[PDB]
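Quick heads-up: it's one chain on its own, the form deposited without ligand SAH, in structure tokens.
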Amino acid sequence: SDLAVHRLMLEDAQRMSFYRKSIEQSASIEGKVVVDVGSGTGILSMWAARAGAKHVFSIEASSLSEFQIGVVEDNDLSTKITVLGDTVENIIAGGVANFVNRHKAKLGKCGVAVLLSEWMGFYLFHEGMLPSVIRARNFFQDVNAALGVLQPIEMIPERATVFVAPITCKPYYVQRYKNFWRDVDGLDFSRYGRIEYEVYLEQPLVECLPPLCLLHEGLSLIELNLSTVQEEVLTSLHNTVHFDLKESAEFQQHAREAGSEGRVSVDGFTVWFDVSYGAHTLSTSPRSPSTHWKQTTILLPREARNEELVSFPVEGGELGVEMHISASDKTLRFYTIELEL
């Protein structure tokens, strides 16, 4: 069921606020034509109409589209929103000219000004909808060119960013395992905690991490301009970042707890994303309210971890990692993440 997932977008205050504010405070909506790709409940389309859009094309391939038409009617907006119950890909296959001829009156003199969408998946790409958004963007820009309009469509969100940070797993182990298992009605069950923890780590980990796990605030790994980004880039996203732990407040926090002759080991890397539009940002960092997306953690091998093979003295040092986020097939909807020190 599609209402399954959509509910938690509507349940998430950060996601709701980001889109509400971006739409209700943008300059290209009132009197303009908007496209909502993968509109599900149609919340974004309805916000756009309410905000005074000339017209909204709501694109939703699932059977939920029939019901969205009903909800649009229930909120008295059937005149401002047309639901296209089809995939972006099939609409494109029908062609520009056919689309123009059919929707000529709604398109108006200025064609499509804004493209709204929530396409993000885990670590921004995994199970995401980004390719459809890109294909939709190019399609509607050709629709616009057919009408003599070359103004680039404004994208919401307009930019996205993948962030990465090294982590220590000890704050996670402490808070999630060690403190529960230390005392069970006066019995020492710590052995159970260690077992539960080691094996949970072996079973990419999508979980909310305690902020204390961070050995560094995080660095930008990949940045996308949603107006210009093309599909070809999505095959393999890769970059190399270098953490200066000597300058990191997060690292020093741990450096303190290890004493003055202590060591700080790295257990892995956590990955999250932000998207933005204008002054607004929706973030999935461990320091932000959690979301369905949580954070994605990639651990170093158990031996590297257990033997503390990647560690630093209490005054810090430098750490470099090359990360690859790679499509596992041609849909560009499913990804893996690998890293190399």
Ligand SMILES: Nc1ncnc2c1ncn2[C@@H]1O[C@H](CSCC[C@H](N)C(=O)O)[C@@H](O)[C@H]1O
Given for the second form:
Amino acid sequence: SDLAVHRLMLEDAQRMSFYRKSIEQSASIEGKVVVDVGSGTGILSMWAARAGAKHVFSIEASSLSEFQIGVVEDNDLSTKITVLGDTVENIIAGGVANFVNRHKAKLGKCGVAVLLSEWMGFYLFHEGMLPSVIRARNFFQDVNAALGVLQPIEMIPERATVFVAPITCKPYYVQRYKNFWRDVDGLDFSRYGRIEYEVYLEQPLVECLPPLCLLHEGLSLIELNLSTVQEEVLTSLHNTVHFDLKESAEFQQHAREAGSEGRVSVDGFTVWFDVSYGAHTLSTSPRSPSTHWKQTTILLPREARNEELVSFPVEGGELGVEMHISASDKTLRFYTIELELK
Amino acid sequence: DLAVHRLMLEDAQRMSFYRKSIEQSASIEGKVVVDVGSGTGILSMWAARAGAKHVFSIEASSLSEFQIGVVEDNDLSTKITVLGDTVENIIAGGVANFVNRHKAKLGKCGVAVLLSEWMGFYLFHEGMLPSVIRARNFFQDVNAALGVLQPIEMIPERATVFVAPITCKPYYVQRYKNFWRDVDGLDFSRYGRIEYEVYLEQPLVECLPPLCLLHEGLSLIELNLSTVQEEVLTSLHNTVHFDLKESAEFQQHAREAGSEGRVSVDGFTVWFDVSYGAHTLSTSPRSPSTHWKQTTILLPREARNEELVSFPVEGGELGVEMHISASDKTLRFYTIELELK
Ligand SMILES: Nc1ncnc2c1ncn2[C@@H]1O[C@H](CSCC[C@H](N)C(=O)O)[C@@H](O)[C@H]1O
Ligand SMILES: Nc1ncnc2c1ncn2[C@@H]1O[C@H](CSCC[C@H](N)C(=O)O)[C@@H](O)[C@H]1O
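Show the form solved in complex with ligand SAH, please, because up to now only the form deposited without ligand SAH has appeared in this conversation.
To see the whole picture, the full complex is given below, headed by that same chain.
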């Protein structure tokens, strides 16, 4: 069932394709030393080896680490990949010198060139492992310093962005509920549709939203440089974005349906992320191919939704919002999304 | 919970069986129908569309209140009465009280047909059969009070539990080995065995590939829905004997095993059929998938991997005793136990 979740991630072709391409394009992998943080099945470790890495350290805390040793052996890669079955944090606690002392023969004169990881949670942050990736990065930079090696570590992915967009719920309601319930062998069961829908919204909605829900193409909220981001940043994630709904292609879709006296109402905001390396981008936008992340949608209170308290004339208007991504405890792995309209 | 109801309304097999039985039945038009556990009221509204004189729609949950609106939204309010109550509570009100409250709708003929979708997993588990039995008996008392002794037509009229021995290999191959064998040139097939084995130890409810059958299946338990009583649901067991020497399904695997070979048995799969007139609703692996899927009981992993239950390629005899036993007093929840011999 651990493996069932990993199988989900391995079936994510967009996810798989971004990492395979990024790894094959790095000029820092061949002949150099790679660390894979949170390696799971070891797929990224094994890709790095095939790409000609000198040696790979594959770090995995769970009991998958023991089976990964077997699969590495089954793929004849046991000399190029070392599995470390422990948390990043416990490896760190063992210290810089002890790391170098245990694996010096594999490190040789080279140090760590590349840090591979797939840490992204929902909107990058929620149920992710970014804080462990940051700790790993800082630790291996100290390991490099102790080896007298001064080259900075390549992060893959190297950059991450959070995107936000205002939505109307109508097309999600119509496509996922009303379309089915309105005609059940010629019977009108649409009253049941309103019910099923209203109660599912009172579950942070994590679902693949039809793109027609977008009232605007989306704006950047938070952007990260993965070589420089520090834990401190995860304590104050907030920004204010301004959606120009005038002359927005997305808004016009709905403006045409409203009629000349009609109004288009905002029911909430949907949130997604991109990460990138070199020429490659992995996107979880509703406009991109589906991924196991889907998107995360934050709704306005039902009072605001049903009475359409946030609405716009057919010509559009301006929509400002301040959004907070707030840690709900001290791990910085769990977050809540809070917003206030301008 | 309407999401579970959508799932049942999206089950094309389940829906066509009931739509066809109701629209092809000769006891509905001009007659009085009871829908026991009506939920959305689909079976009731179908009964009204088929020309029923009147329909009593019984639904215990708060769906009943919305069902009234939907009966109205489809212009059927004179033809369908929603009784938002448990079957058991309506019975407790007594016969004479029912007859007096609804005397004009019963008319002179009383209840002719009792519609219901009560089937759980392997017919019994998380099903609603005891309420259907109680309803049937109650409305036959109502009929008797009106001088009608004609027995009530049950839809479905019959139900059968089937069992068949299976091999796990094709399920392993199709749902595990095929994916894990090559992940971009990597052999992750070790992960495949682990995911598979660990999933088996967590009553397997799943769509088994038809190639898993070592035999077409035999009847374990058969019910006449006009006559079945609650007492029967406390002692459900039987013994079936599979002649694998005469099974086409076994011969299939015997050929793949080759002239020198053994065919191994990894467990038993259980499904059900219900029927009415010319129509059968089947949840067999050889039939289109339904939300019931099938239920599979595996032999101990020791037996499976050491192939402790096996047959030479010409076949042999496989006898098994099965118990379907209620795990509490509701007669809604059950476990399946089996012994080879
Ligand atoms: N602090 C930590 N130290 C070591 N492993 C960790 C960790 N936090 C999470 N993990 C592991 O990191 C993995 C992230 S899922 C990523 C799996 C794999 N790299 C892939 O791309 O397919 C999980 O297997 C989890 O067990
Ligand atoms: N003892 C009981 N008395 C009245 N309603 C019951 C009941 N037990 C279960 N129900 C209701 O019966 C329904 C059965 S599932 C819905 C069946 C519906 N006729 C269909 O074929 O789609 C559920 O809505 C449940 O709430």
